[PDB]
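Presented as structure tokens, the chain that follows is alone, the form solved without its partner chain.
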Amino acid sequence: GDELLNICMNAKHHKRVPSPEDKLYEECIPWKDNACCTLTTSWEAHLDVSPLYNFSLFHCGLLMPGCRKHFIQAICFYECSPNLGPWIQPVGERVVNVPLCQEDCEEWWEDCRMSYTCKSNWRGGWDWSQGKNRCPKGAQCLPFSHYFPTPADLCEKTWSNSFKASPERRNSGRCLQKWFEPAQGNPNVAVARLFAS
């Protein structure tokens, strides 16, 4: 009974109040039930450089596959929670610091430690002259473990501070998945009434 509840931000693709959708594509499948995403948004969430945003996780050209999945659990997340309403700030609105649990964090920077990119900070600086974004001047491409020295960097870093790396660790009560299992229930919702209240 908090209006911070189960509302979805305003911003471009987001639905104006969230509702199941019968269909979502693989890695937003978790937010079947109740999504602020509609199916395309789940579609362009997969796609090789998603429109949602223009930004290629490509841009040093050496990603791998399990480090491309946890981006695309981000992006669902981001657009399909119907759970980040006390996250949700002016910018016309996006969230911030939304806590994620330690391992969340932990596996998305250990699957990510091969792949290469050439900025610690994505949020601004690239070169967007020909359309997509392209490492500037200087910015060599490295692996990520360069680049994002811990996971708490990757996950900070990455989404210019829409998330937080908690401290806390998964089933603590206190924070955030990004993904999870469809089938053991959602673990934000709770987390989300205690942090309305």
Given for the second form:
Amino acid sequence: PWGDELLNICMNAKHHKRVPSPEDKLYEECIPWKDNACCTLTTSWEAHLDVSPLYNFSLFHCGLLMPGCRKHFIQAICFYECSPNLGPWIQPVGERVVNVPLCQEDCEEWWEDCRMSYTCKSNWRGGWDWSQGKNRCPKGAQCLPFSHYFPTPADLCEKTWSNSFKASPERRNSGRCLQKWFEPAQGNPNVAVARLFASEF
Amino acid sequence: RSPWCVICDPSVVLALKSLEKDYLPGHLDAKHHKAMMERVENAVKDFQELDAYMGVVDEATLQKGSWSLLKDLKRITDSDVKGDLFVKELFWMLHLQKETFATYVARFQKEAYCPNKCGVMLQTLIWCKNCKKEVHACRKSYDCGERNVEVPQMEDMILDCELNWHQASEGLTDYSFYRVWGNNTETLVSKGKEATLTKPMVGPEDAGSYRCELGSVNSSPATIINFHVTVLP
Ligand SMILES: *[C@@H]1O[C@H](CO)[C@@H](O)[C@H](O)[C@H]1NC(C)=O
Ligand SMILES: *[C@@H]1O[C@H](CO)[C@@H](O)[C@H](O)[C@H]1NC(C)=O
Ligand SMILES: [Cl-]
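Alternative state: the form solved in complex with its partner chain, after the form solved without its partner chain:
Full assembly next; the chain just shown is listed first.
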């Protein structure tokens, strides 16, 4: 009836805490989740590393990103690693997440701030030159504005993370899409979306 | 495929406009002006010379490069050189400049980019793709690691939190020194611009754990150092 089975849980992937709980301290962008997190301090720190050990996927592949852009990607990581409100979208590939509806503002802002940064591919989920241990752009892949490879916010949200996120037409505070970051002062707006979706009325 | 970072210098772009409008009319046939400039614009719009290049430079490097180029460019224009003589010197020169600049870049990358060895240093970089100047966070381990200190009783204890790179880091606030108690509480004992804590004429009661935190304009700290103090009776 109400999917409490699907609430307040952490996915079984390699870094996640087995169950959520509060943290005395989390690093920078992961702070909004310290109330109740699926990430340890270490994990929150690791998320901010260049070529973070969490995925060994390099963001610098077309050169260092603008910091504004880098910030968005880190927040994406904090969210994926820290959110206790992902149950409805957990699925096995050992678990992952599929088509989490990110509010339009989150995808729009992300897209906006990454326009000026450079990448070489539009489907980051695979097809990279992997020889150094980290991905490099494959033979002849041109470094160009993000707005070239991801013409829309939707492209960006969805394809960078192997369709972990769905760009939702829904906007923020509709009760029907999640934010990848939120101001800690203002309290977690994703709790109630979870509830809605667990029942998924 | 990226611009020659040198164009992020205003004097360079103005030197280049001055070249087009002031130098070309008296020194190159009018029928060539158009295509000359297209060729020069493109020399500067792609920098092929580049240790993978990250597309960033500090103000110092940009200036070192720009100053080199501007000097040599004005050397050309001062010489009053014309026609194909001029054309050849100019592009020749530009090529050589790019090479020299390449060197300056590789030097910057290996020597001035994120030179911190622990903690987080914030440093202003200029992105060559768009000339946009912003602050990058240089993250190395969260820690900076423990100091063992043994102090002879009744001498002075000096705890130095300063690391080489701090004076260069941007957006730093204050050095906080905490004492760490056996019951998992802490006391803030000093908070200020001083990078050291001095405690004179020490006794056994001053043994135990201390932590330094160098604060940042951002949320979290730039440097954390732990000190363990043994007092030698
Ligand atoms: C990332 O790199 C490390 C260090 O080389 C490697 O051992 C590890 O397998 C990689 N991490 C993941 C999550 O694949
Ligand atoms: C904890 O221990 C310190 C040092 O022994 C003592 O001075 C302090 O009163 C204790 N603090 C609390 C909150 O109990
Ligand atoms: Cl959340």
